[PDB]
Structure formats: structure tokens, C-alpha cells
Amino acid sequence: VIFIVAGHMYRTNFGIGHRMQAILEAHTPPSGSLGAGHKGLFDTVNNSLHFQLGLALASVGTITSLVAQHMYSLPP
Amino acid sequence: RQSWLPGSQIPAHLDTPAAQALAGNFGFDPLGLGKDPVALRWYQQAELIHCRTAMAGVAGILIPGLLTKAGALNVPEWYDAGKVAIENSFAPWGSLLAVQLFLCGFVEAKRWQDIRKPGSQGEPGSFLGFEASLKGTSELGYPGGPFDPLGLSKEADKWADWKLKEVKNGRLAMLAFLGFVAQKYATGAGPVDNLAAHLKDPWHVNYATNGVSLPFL
Amino acid sequence: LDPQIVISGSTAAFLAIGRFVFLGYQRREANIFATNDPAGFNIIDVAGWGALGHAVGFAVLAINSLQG
Amino acid sequence: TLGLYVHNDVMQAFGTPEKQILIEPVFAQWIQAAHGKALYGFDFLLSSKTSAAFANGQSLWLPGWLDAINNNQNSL
Amino acid sequence: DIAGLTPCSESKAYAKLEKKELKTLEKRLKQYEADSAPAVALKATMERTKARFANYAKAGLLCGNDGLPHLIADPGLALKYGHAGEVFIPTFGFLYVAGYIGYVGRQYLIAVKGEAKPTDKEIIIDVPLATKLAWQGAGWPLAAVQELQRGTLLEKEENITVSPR
Amino acid sequence: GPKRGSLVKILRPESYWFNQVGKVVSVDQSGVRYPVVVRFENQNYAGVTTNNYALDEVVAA
Amino acid sequence: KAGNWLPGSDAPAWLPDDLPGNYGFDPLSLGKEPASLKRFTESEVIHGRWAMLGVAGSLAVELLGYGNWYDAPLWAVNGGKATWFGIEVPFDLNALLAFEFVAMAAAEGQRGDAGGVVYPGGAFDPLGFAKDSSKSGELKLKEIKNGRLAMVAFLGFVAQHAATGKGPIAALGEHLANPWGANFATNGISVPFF
Amino acid sequence: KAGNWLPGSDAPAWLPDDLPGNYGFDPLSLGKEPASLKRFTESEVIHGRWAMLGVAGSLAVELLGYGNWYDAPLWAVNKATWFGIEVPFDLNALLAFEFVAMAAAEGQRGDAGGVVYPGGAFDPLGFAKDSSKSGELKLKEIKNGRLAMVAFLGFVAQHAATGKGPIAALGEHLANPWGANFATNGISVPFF
Ligand code: CLA
Ligand code: CLA
Ligand code: CLA
Ligand code: CLA
Ligand code: CLA
Ligand code: CLA
Ligand SMILES: CC1=C[C@H](O)CC(C)(C)[C@H]1/C=C/C(C)=C/C=C/C(C)=C/C=C/C=C(C)/C=C/C=C(C)/C=C/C1=C(C)C[C@H](O)CC1(C)C
Ligand SMILES: CC1=C[C@H](O)CC(C)(C)[C@H]1/C=C/C(C)=C/C=C/C(C)=C/C=C/C=C(C)/C=C/C=C(C)/C=C/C1=C(C)C[C@H](O)CC1(C)C
Ligand SMILES: CC1=C[C@H](O)CC(C)(C)[C@H]1/C=C/C(C)=C/C=C/C(C)=C/C=C/C=C(C)/C=C/C=C(C)/C=C/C1=C(C)C[C@H](O)CC1(C)C
Ligand SMILES: CC1=C(/C=C/C(C)=C/C=C/C(C)=C/C=C/C=C(C)/C=C/C=C(C)/C=C/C2=C(C)CCCC2(C)C)C(C)(C)CCC1
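In the order they appear, the protein sequences are chains A, B, C, D, E, F, G and H.
Using our numbering, you'd call the opening residue of the first sequence number 8 and step up by one each time.
Using our numbering, you'd call the opening residue of the second sequence number 1404 and step up by one each time.
Using our numbering, you'd call the opening residue of the third sequence number 6 and step up by one each time.
Using our numbering, you'd call the opening residue of the fourth sequence number 4 and step up by one each time.
Using our numbering, you'd call the opening residue of the fifth sequence number 27 and step up by one each time.
Using our numbering, you'd call the opening residue of the sixth sequence number 148 and step up by one each time.
Using our numbering, you'd call the opening residue of the seventh sequence number 269 and step up by one each time.
Using our numbering, you'd call the opening residue of the eighth sequence number 22 and step up by one each time.
The shape of chain A in the complex, shown without the other chains:
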């Protein structure tokens, strides 16, 4: 139920939904502590495949550590 609700978040061809580049352009804090914030990162994740593979491998490696750590102690 949580993933089916979460999969209705982004803007496809139906008018409603979040626009990811607008989300990245929004999250820039005042006082310039992150500089320009997350401006211009949508064209560096979507245009690059090694960035996407790095994010994917970071997530999958941490989740594989999670699989081992939770399957030895909580055997299903």
C-alpha cells in the first residue's frame, strides 16, 4: 500500500504530480551555505549514466548489507 501510494507522486501526462527539476530548484537554503543548492543537478543525474549507476550501486550495496544483517538475526 505504501509503495502504490508513493508511485502516484510524479507528474506524468495527467496534470497532477511533482516535477523533479522544480523540487531540485526549490531546495536551496538561505545564507548560501550550500551555494546554489541543488540547482542544475537534474541535468547531471538524467544525462549521466555513471551517476545513476553509482547511486544504484550505493543503494543496492547498503541494502545487501541490510539483507545479511537482518537475515542472520531475524531468520525468516
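The calculated BS3-like cross-link candidates involving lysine-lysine, where the alpha carbons are at most 25 Å apart (straight line), are:
hint, chain 1, residue 1, chain 2, residue 2
1, B, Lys1520, H, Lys53
2, B, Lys1438, E, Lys182
3, B, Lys1587, E, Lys84
4, E, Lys158, B, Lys1438
5, B, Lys1538, H, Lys59
6, D, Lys22, E, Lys46
7, D, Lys52, D, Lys40
8, B, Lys1557, H, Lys53
9, E, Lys182, F, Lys170
10, E, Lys53, D, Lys22
11, B, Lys1438, B, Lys1571
12, E, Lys147, F, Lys170
13, H, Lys59, G, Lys269
These are computed hints drawn from the structure, not numbers from a lab.
Please arrange chains B, C, D, E, F, G and H with the ligands on chain A, whose structure you already have, making use of the hints.
Below, chains B, C, D, E, F, G and H with the ligands alone, put in the same frame as chain A:
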């Protein structure tokens, strides 16, 4: 001029017109802690505060401790006075310590902001009527007004003598309190008892014989 | 219990609260294709706010069914 | 870490195991007491009976979690 | 006590380990003469063993299920239960001596950079200047926080960096 | 540009002595592209203590 | 300028002097940027008004004899019926949560559709105390000072119940019974080593 | 100038002579600045008037035979009384009425800028409608108020020492003057 060692060279930061006129200058900084003049100003203030509270504390040790060997004032030892006082008191010690932390924090923060700016606590409106008497007296660490009631600071020709008597009695009272602490740990008796033991047999009752201070003998 | 009252009331509440007070904010943040509703409250808006209504209604029914 | 291991090896070699630096892991044991383990005696938040989280989770999922976490025959 | 650890003066495996070490030392002792030098050495060993176990039981150390002293590294828990002399007082003692060494080295570097041969003073040590800074470095935390508050502790961005900074 | 013996600061980012201070030896007055000759008290990874720079790569600081 | 939170220190240049409640208090420099500062003015006035209502509600519950502010939602956990001034209220927790969500969503949404309205007037100001445009700033300063006092008082309610476990009027009764033997330092919670 | 607190001393240059009670007494130089000195004149006159009323109240309570000023709030720790006649209230209601009345009166007084001497409805008999004996009456007023402040601090210290009212300790001083004072006390002088 006068020095803590006749013959040693005076450090260059304690031989300046801003340092020679302070109080009790004898060229004593072998660690070089006062080379920064802002640091020397801060350390002047810390020395004055340690001097004054050390004198008040050591007076509270000695005068009840001397008069208890006379007739009146059955006063316990200073390492036992807090326990007897909290048995006689009305509040537990944590509540009394919290009250004194608020009351001392207000006063100490006043003195803090007067260190950070000399012309600071004389803001009009900031105090009901004590705002005009909470300035300094052109020399920081030496306030006027309600502090110094008897007006002894007004006379200029006695003033370096008053400063130097204060700094000598204060440094000597700091040594007195550190001696109270060490004597308390090594012997276990009161400081007037230590003085009576050094007067009764000087050549046998001292820190070479207590078995603590130098244990290689 | 009364399932129809809870589901219909939650759906009516979320559809009204998206029809009247959260319509203009959702239009400002977003800036099938045409309905004759005077505020542009089209079919997909009905689907989203009714989905939230059914979800909160069945959540209320489940928490009531546990009696906790 | 290498210095503590070499220190304890020298203490075991010289015949005196009572000299070796054994630092107790009180932070992870604090976490285990926070999860409901009654061996370290901290008694807080899931290990104390008078806790809000203990009392709120008690009817539904805590009696299995406590029985499984206070067993020393599993890896939980 | 803390974490289910018994005190070492109450622990039984502690006394068992003490008795076992005395038993090994007396089994090594009983194959010599009375007043011989190996006998005197082993009796001094047994004396130091008994003194060490008495000193560890005296200091209030916590023993485990094996009879070995355990240390407590949390400031508030050790200050509450009287275990401050095993991590907390040692960590501030170490920070005093380590910052001593670092501050004396930093003052030696800044003292020798202002000459015509800084590297030649780095290879061949100026011993009087090194001893002067070694004696003056006892007020290193005060001088460290004063150099911190003036902005002279740090170099600005005149440092060496790479082309993407 | 800068004079002989004056201290300058290097703004060429792929240099060993970028954001550091050297001493001007000479400035060539011809149409050479890199006339400013700066020596440095420390050597690079190639053991060299001298490089040529342009006018907009040195700042007399 | 209303005053000075610490006498002798300078006021920050990003706090304008016309703004109500300006004591110059910003050590962490949180309001240095103007849009953030405008949002913080909005949020301070809103938090202050809700805290005045909360402290007034807690006092009016405990002085009139209906438990304290902590015992007030306890009918919804056990088997019980809600009350108000002794009069029973015939609603359940699901219905009340629905009424509160719809009504507060409508009111907060109408407030949020306005751009930067902090002091609206009009229908929210029927008696017309702010219809002078010269005596308004003194009332705004009174409002922000009572609001800051109410916020501090409500956080004191929360921390006093988290430490001792009683109502604020009962804590005031204990502090008037024995002021030296009943305070935050005779607690065992607020200072762990007393 | 009303006189001199210490003969031979000099008058401070910040105290004007057209001001009641100006004995030149300012060793700490507290009122050197005029806004501070204005606030202190206000505070001195208000403290003096409240102390006159308080001393007259404590004297009337003890002379008319209804305990002293220390026995008077003892019923609330345990039934009020006044002229020997009961008053049907409790300290919560009394504190409420007193807070409302003092808040209103104090607030109306504080709305005025620097008014020490209001007159008008506060002065029905019109004594200060001449501006010649009015300054003498102000001087009489500030001297009586200083005497009453000293009297009330004497009452507080005297009861903290002996544990008795002022009229009873006055009778003890009139009975045995060399055996009942602040020194047979055993508190004010800690020796002997
Ligand atoms: C403030 C000055 C002062 C004075 C007058 C005394 C006096 C005494 N000390 Mg104490 N003591 C002091 C400070 C002082 N101490 C300090 C700073 C420490 C820590 C180092 C101690 C630690 C200590 C121990 C462990 C013992 C004593 C003992 C004694 C007694 C025997 C004499 C002796 O061996 O002293 C020891 C002397 C010193 C430690 C050096 C004194 C330090 C000062 C600053 C030196 C300069 C003195 C000055 C030039 C002249 C004296 C001043 C005087 C006229 C006021 C004697 C009553 C013994 C005792 O209890 O007998 C019953 C004893 O066992 N003292
Ligand atoms: C390195 C990280 C670290 C961690 C994981 C811990 C862990 C702990 N600390 Mg320790 N502590 C630390 C460093 C740490 N400490 C440091 C650097 C200091 C000096 C500031 C302290 C000073 C300190 C005191 C004075 C006390 C503790 C206590 C504790 C225990 C419970 C604290 C709690 O419930 O709050 C959640 C944990 C944290 C927020 C981690 C930071 C801990 C802060 C600095 C102190 C928290 C104290 C807590 C508010 C008091 C709880 C009272 C208790 C009776 C319930 C817990 C084992 C308490 C204790 O003795 O319990 C038996 C206690 O009274 N610590
Ligand atoms: C949370 C509500 C809130 C908000 C949004 C503000 C916002 C503001 N205050 Mg106000 N203030 C508040 C509560 C708040 N205050 C309270 C309760 C008091 C009484 C203590 C004050 C006393 C005060 C003074 C004297 C002054 C201000 C001023 C200001 C303005 C500039 C300061 C700033 O940028 O900080 C923004 C504030 C926040 C971001 C609040 C959140 C703080 C952090 C994120 C968490 C703090 C948690 C807290 C410390 C936990 C306590 C735990 C407890 C157990 C100890 C800004 C409009 C200045 C002004 O010009 O008035 C208009 C000024 O002079 N405030
Ligand atoms: C809003 C002002 C306010 C007032 C009038 C009180 C009053 C009280 N508190 Mg509460 N409290 C407050 C804020 C306040 N508190 C805040 C902000 C906190 C979170 C830190 C607490 C957390 C707390 C705990 C944990 C406990 C109390 C307790 C008490 C009672 C005993 C006195 C005490 O030790 O307080 C504690 C004192 C402080 C927290 C410092 C107060 C400083 C304030 C916040 C600054 C403003 C005060 C202002 C300058 C002058 C007072 C104005 C006021 C008279 C109108 C007393 C009825 C105790 C109790 O239960 O008694 C039986 C107790 O155990 N308080
Ligand atoms: C109750 C508060 C009070 C206040 C606000 C004043 C204010 C004033 N007095 Mg008055 N005075 C008072 C009580 C007060 N007085 C009492 C009780 C006496 C009789 C002892 C006098 C006797 C007196 C004389 C003879 C003169 C003044 C004068 C003044 C004026 C200038 C002096 C000044 O600037 O100091 C400001 C004053 C204060 C800030 C008072 C506050 C109290 C301080 C902070 C603490 C005092 C504690 C006290 C000593 C405790 C005694 C305990 C005992 C056991 C020793 C100023 C209007 C001079 C004047 O020109 O008359 C108008 C003048 O010549 N006063
Ligand atoms: C206002 C003037 C005044 C008068 C007439 C009295 C009278 C008395 N006092 Mg009280 N008292 C006063 C002020 C006064 N006191 C003040 C200001 C304090 C706080 C310091 C006290 C604290 C006090 C204590 C602790 C005790 C008394 C006691 C007494 C009684 C015995 C005599 C004595 O020892 O006096 C006390 C002596 C002094 C206070 C020192 C004299 C200094 C005065 C105040 C200077 C002004 C006096 C003035 C020049 C002449 C009198 C003026 C008057 C006629 C208007 C006597 C009835 C004792 C008692 O109860 O007897 C059974 C007793 O134990 N008084
Ligand atoms: C100068 C210098 C410089 C160079 O550079 C270097 C060097 C040399 C290092 C330096 C030196 C230094 C030093 C020596 C220091 C010292 C200090 C001290 C001793 C202090 C004390 C100090 C001291 C102090 C404060 C004290 C105080 C005290 C008190 C309050 C007391 C109190 C009390 C009493 C009454 C009694 C009761 O029953 C209790 C009590 C509570 C206990
Ligand atoms: C300013 C600044 C600045 C700088 O820069 C920094 C710093 C310092 C950080 C800052 C500060 C801050 C602060 C202090 C804050 C605080 C706040 C608060 C307290 C809030 C509350 C707030 C609060 C609030 C709103 C509250 C509200 C309340 C309410 C509604 C209540 C309700 C209720 C009642 C009736 C009763 C019942 O039975 C229940 C209940 C339900 C419970
Ligand atoms: C002038 C000057 C200046 C320079 O510059 C410095 C110096 C010297 C510091 C200064 C001085 C000062 C002084 C001396 C002060 C004092 C004050 C006082 C005594 C007050 C009281 C004051 C006091 C007062 C008001 C009082 C009031 C009272 C009253 C109402 C009472 C009431 C009552 C009664 C009927 C009875 C009942 O059963 C109870 C009661 C409730 C108890
Ligand atoms: C026309 C018109 C009208 C009417 C309207 C109406 C009546 C509407 C309605 C509408 C509606 C009535 C809508 C609905 C919607 C709904 C929906 C869209 C739903 C969805 C659902 C969901 C999504 C679910 C899910 C789930 C499942 C399946 C399982 C369990 C879990 C959950 C719950 C999550 C009026 C009168 C106003 C006016 C005139 C015009």
C-alpha cells in the same frame, strides 16, 4: 625596576607603558601567557577576581578558625562547615546552588559585558536608576559608584598604593587557599592546627615528615 | 459499525476540502483537459482527492475495528 | 585499535590477563536496553515496565519481541 | 553495577585468577633453594602480584564473568558511579601532553621559518630555541585559545590547492 | 609589468606554485607570451624553482 | 526599538527598529535574510496567539476544577465521554478529528491564501481597537510580549509535567507550600547531580 | 537646602536647593544624572508614604490590642478579623481584589509622566493652593516618611532579633534599659 628574579631579563610585553602601570608588575611571565595585550587585559581581570574572592574565602577560613581557638564562635572546620551548615539550614544544597548560580550569573554577566565594552552598562533605560552608577572608573576592573561606598578611591595620591596592597594581599591569599587544600589532604587537620604543630616542634613537624609531599625520603 | 457513513463522509470531506480551500494553492504549485466545472476541478482532481478520502476512511475504519 | 590489541597480547604473553585494557561497550548495550534486553540493568523505554512505549506496544507486538530478545539461544 | 558487572572485590573469578597466578608462581618457586637469587626474584614477583590485585580491588574496578577489570567510557556514567579515573582523567591527561607536543612543534616551525635557512634548522636542531619553546609550552591551552580567538591560528585561503579547488 | 625583486602571487591554477608567493627575476619587453620570470624558494616535483608566467597570472601581493 | 535583551551590546542591522518586539535579540543570526525574517515574524505572531490560547485553556481547566491539561484528552483512551464546563459533549474521537481537520483546514487555507497578512483587521477586528493607525504599534508590542510570555509558560507546563508529573496550579501550590524544598533542583530530573 | 547630613562636607553639585529634603546626602553619587534623580524622588516619596501608612497600621494593631503586624496574616496559614469583627474572605479572593485594585490605581498613577504631587481630588482641603507653605509641608512630608521608613526597618530587624512586637519591646526597654536592648539580645552583637 623590581623583579621576581634580580638578574633575569624582563619579558618585552611586561615592559611596556601599558603593562608597567598595571598593579604589582614584577616581570613574572616565564610561560609568556601575556604576550597578547587582549589576553593580558583578560588575565588582569581574572587575577583581580581570583584575588578578591580568594581573600574573602581565606578570611572566612582564618578568622572563624582563629576565633574558634579563642572563647567564642564554635565553628567547624572549613572542610566540614558545609555539612554542618546544610544540617542547620532550611534548603537542600542543590536548590541553594541553583539560586546562587542565577544570582551570580546575573552579576558575572554584567561584569562580562563591561569587560567586552568599557562604556557598556551606562545605557539609559537599561536600568531603573542604577544604570548611571554601573559604569567604570576609567580603569577596567576598578568600578565605582555603589561599589566602594567609603570613597577611598577618590584620592589620587594613595591610589597606586591601594592597588598594590590589593594585589599583594590577593596573591598571598591565593597561596593561602592552595595551602589550605594541600595541607588538608596531607595532614587531615585544620590550618590553625597545622600552625600550632609547626610552632610546637618546627624541626620535626613539617612537609618533609608528613610522608606524602616527597615520598622518596 | 457503519462503513458507508464513514467512507462517504471522509470522501465528501476530502473532496470538499480540495474543491474549495486547496484548489488555488494546487494550481499555483502546478504552474481530462477540460470540464465545465467553474473552477477547473476536473476528473483527475476528483480521483486524487477521492483516493485520499477512501484511504483516510478505511484507516479510520481499521483503527476503529481494532478498538484502539 | 592496534595498540589495544598489541597491549592485550603482551598482557596475555606475560601471564597477567588482569592488566589488559577491556573497555565495556556501554553505548551499544544502552541501545540493547532501549530495545528491551534485561541483562544490563539500564531499564528504560522498553526494558522498564513503567514506560510509555512499553505500555503502548504491550497488547500487540511486544510480547513476542521481548521473549525473542531475552533469549540467549538465538542471534537476536 | 553498570551493565551487570560485579565489582572486582566481590567477584569470585577475580580471586580464582589471583590464586591461579600465585599457584603457578609457587610451582615455579618450589624447585630452588631458600635464600637464592631465583627464589628472591620469584618472591618479589609474588609480592608485586598480590600488591597489584589488592590495588585493582581497592580502586573499585568492575569485573565481568571472567574476573577481569572492565573500563567505563561515558563521562556522566563514570562520574556518577565513581569510575572517572580510568578513561576521563586519562583522556584529559593525554590531551594535555599531546597538545603540549603539537604546540611546541608548531612554535618551533614558526620560529624557524623567519630565517635565511628554515630547512637547515629543520635538519640541524636549534637546541637552545627548542628548549626555550619546550619550557614555554606549559601554557599551551591558554595560548591556543588566544590564537584561536585572534584569527592567527589559521592560515587564510593562500593555501595550495588543485585547479578544481 | 612588475619590477625586479618584487613579490608576486600566481593565479595559474595548474601550476605548482598557484596561490603562493615568489620573486620576480625579470620581465621581457618583447612580444613574448610569458615574460614574467619568477623564482620560488621551494621546488616542484620536477626539482625546478623557476617558471615563466603571463601578466594576468601574477599579482604583486 | 522595544529595549535591549543584553544592555551594552549592539543591535543587529538586519532587525528594523519599527518592527514590534525588536529587542535586538538574535545571537544565532537566524533572521538575517529578509524573506526568512518575514516568515519568522508571521510564525512568531501565530505561535504566540496559539500559546496564549493554550495557557489560558490550561489555567481555565485546572482552576475551575476539571483536571489539568494532561488529563483532558484521557476520555478518548479509556471508556468515557467528553465534557465542557461539566456539560457532557456527545461526540467520539473520530468525529471530533473530522470536525477539527475540516474546520482547521478551511481556516488555515484561507489564512494561507493571503500573502503576508499578519494583522488582518476587518471581520477579525469587530470592536475596532486597531482603527487608529497611531496607537496600533503599542498594542502590537503588547501582543508580542504577552505571546512570548505565553510560549515560555506553555513550554514550562510541558517540562514541569515531564519532570514532576503534576498540574501547573498544583506545582504553584507546592512551590508556595515549601519554596526551598520544592523546585526544579529538588527534583532528581532537571539537574542529575543535585 | 534642608541642612547638612555631615557638617564640613560639601553639597553635591547635582542636587538643587529647590527640592525637599536636600541635606546633600549622596555618597554613592546615585542621582547624579537627572532622569535617575527624578525617578528616585518619585520612589522616595512613594516609599515614604507607604511606610507612614504601614508604621501607623502596625502601631494601631498593637496599641488597640489585636496582636502585632506579625500575628496579623497568621489566620490564612491556619479566619480574618478587623476591629475584632470578622471579615468573610480567604487569601485567594483577597489577593484577587488587591491585585485588581492595585493594578488599576498603580496604572492610573503610572500613566502620568512625572507627577509626584497630584493635588486635585487627592487634595480635597486645598493646603497646597498657596505655593509658599507648600514646600515646607513637602519637607515635613519627606522627613516624616524617612523617619517612618527607618521605623519600619527597625520593626523588622527588632522582631527578627527578639520575636516580639515594637510596643512590647519598647515596654521591655522602659522596664530594664540596661538588660533589654540590642545587645542583651545576643544577635546584633554576636560575641559575649
Ligand atoms: C601561604 C603561605 C603558607 C604558609 C605560611 C604555610 C605554613 C605551613 N605549611 Mg603550608 N602549604 C602552602 C602554603 C603555606 N603554608 C602551599 C602553597 C602548599 C602547597 C605546595 C602547602 C602545602 C603544605 C603541606 C603538604 C604541609 C604544609 C605544612 C605547613 C606548616 C609547616 C611549615 C612547612 O613545612 O610549610 C611548607 C611550605 C611550603 C609548601 C612552601 C610555602 C609556599 C610559600 C608561597 C613560599 C613563600 C613563603 C614566603 C616567602 C614567606 C612565608 C610567608 C608568611 C610569613 C605568611 C606551616 C604552618 C606542613 C604541616 O601541615 O605541618 C603541620 C605540611 O605537611 N604546607
Ligand atoms: C559519544 C557519545 C555518547 C553516548 C552515546 C553517550 C551515552 C549516554 N550518556 Mg553520555 N556523555 C557524553 C557522550 C556520550 N554519552 C559526553 C561527550 C558528555 C559530556 C557532555 C556526556 C555526559 C553525560 C552525562 C552527565 C550523563 C550522560 C548519560 C548517558 C547515558 C544516557 C543518556 C541519554 O539517555 O540521552 C540520550 C543520549 C545522547 C543524547 C547522547 C549524548 C549524551 C549527552 C551528552 C548527555 C545526555 C544525558 C541525559 C540527558 C541524562 C539522562 C539522565 C538519566 C538518569 C536518564 C547514555 C549511556 C547519563 C547517564 O549517566 O545515564 C545513566 C547522564 O546523566 N552522559
Ligand atoms: C518559535 C516561535 C518563535 C519565532 C518564529 C520567533 C521569531 C522571531 N523572534 Mg522571537 N521569541 C520567542 C519565539 C519565537 N520567535 C520566544 C518564546 C521568546 C521569549 C524567550 C522570544 C523572544 C524574542 C526577543 C527578545 C526577540 C525575538 C525576536 C524574533 C525575530 C528575530 C529572531 C529570529 O530570527 O529567530 C527565529 C526564531 C526561531 C527560528 C525559533 C525556533 C528556534 C530553534 C529552531 C529551536 C529552539 C528550541 C528551544 C531553545 C528549546 C528549549 C528547550 C528547553 C527545555 C530549554 C523573529 C521574528 C527579535 C525581534 O526583533 O522580535 C520581533 C527580538 O528582539 N524573540
Ligand atoms: C513562564 C515562566 C515560568 C514560571 C512563573 C514558572 C514557575 C514554576 N516552575 Mg517552571 N518552567 C518554565 C517557566 C516558568 N516556571 C520553563 C520555561 C521551563 C523549561 C525550562 C520550566 C520547567 C520547570 C521544571 C522542570 C519545574 C518547574 C517548576 C516551577 C515551580 C517552582 C519554581 C522553579 O523552580 O521553576 C524553574 C525555573 C526556571 C525554569 C527558570 C525560570 C526563568 C524564566 C523561564 C524566565 C522568565 C522569568 C521572568 C524573568 C520572571 C518571572 C515572571 C513571572 C513571575 C510572571 C514554579 C511554579 C518546578 C515544580 O514543579 O515545582 C514544584 C519544577 O520541577 N518549571
Ligand atoms: C526607600 C528608598 C529611597 C529612595 C529611592 C531615596 C532617594 C533619595 N534620597 Mg532618601 N532616604 C531614605 C530612602 C530613600 N531615598 C531613607 C529611609 C532615609 C533615612 C535614612 C533617607 C535619607 C536621605 C537624606 C538625608 C537625603 C536623601 C536624599 C535622596 C535623593 C538623592 C540620593 C540618591 O540619589 O540616591 C538614590 C537612593 C537609592 C537608590 C535608595 C535605594 C536603596 C539602596 C540601593 C540600598 C540601601 C539599603 C539600606 C542602606 C539598608 C539599611 C540596613 C541597615 C541595617 C543599615 C534621592 C531622591 C537626598 C535628598 O536630596 O533628598 C531628596 C538627601 O539629602 N535621603
Ligand atoms: C527609628 C528609630 C528607632 C527607635 C526609637 C528604636 C527603639 C528601640 N529599638 Mg530599634 N531599630 C531601629 C530603629 C529604632 N529603634 C533600626 C533602624 C534598626 C535596624 C538597625 C533597629 C533594630 C533593633 C534591634 C535588633 C533591637 C532594637 C531594639 C530597640 C529598643 C531598645 C533600645 C535599643 O537598643 O535600640 C536599638 C539601637 C539602634 C538601632 C542603634 C541606634 C541607631 C538609631 C537607629 C539612630 C537613630 C536614632 C535617633 C538618633 C534617636 C531616636 C529617634 C527617635 C526618638 C525618633 C528601643 C525601643 C531592641 C529591643 O527589641 O529591645 C527589647 C533590639 O533588640 N532595634
Ligand atoms: C602568574 C603565572 C604566570 C606565568 O606565565 C606562569 C605561571 C607561573 C604558571 C602563572 C602562575 C599561576 C599561579 C601560581 C596560579 C595560582 C592560582 C591560585 C592558587 C588561585 C587560587 C584561588 C583561590 C580561590 C579563588 C579560593 C577562594 C576560596 C573560597 C571562596 C573559599 C570558600 C569557602 C569558605 C569560606 C569556607 C567554607 O567552609 C567552604 C568554602 C566554600 C571552601
Ligand atoms: C528567538 C530566537 C532567536 C535566536 O537567534 C535563536 C534562538 C534563541 C534559538 C531563538 C529562540 C527560540 C525560542 C526560545 C523558541 C521557543 C518557542 C516556544 C516556546 C514555542 C511554543 C509554542 C507553543 C504553542 C504554540 C502552544 C500552543 C498550545 C496549545 C494549542 C495547547 C492546547 C491544549 C490545551 C489548551 C489544553 C488541552 O487540555 C490540551 C492541549 C491540546 C495541549
Ligand atoms: C539615600 C541613599 C543615597 C546614597 O547615595 C546611598 C545610600 C546610602 C545607599 C542611600 C540610602 C538608602 C537607604 C537608607 C534606604 C533605606 C530604605 C528603607 C528603610 C526603606 C523602607 C521602606 C519601607 C516601607 C515602604 C514599608 C512599608 C510597610 C508597609 C506598607 C507595612 C504593611 C503591613 C502592615 C500595615 C501590617 C500588616 O500586619 C502587615 C504588613 C503588610 C507588613
Ligand atoms: C457533479 C456535481 C456535483 C456532485 C459531485 C459528486 C457527488 C462527486 C463525487 C465524486 C466521488 C464520489 C468521487 C470518488 C472518488 C473515489 C476514488 C477515486 C477512490 C479511490 C479509492 C482508492 C484509491 C482506494 C484504495 C485502497 C484499496 C483499493 C484497498 C484498501 C487500501 C486503499 C483504501 C488505499 C455537485 C452536487 C457537488 C454540484 C453539481 C455538480
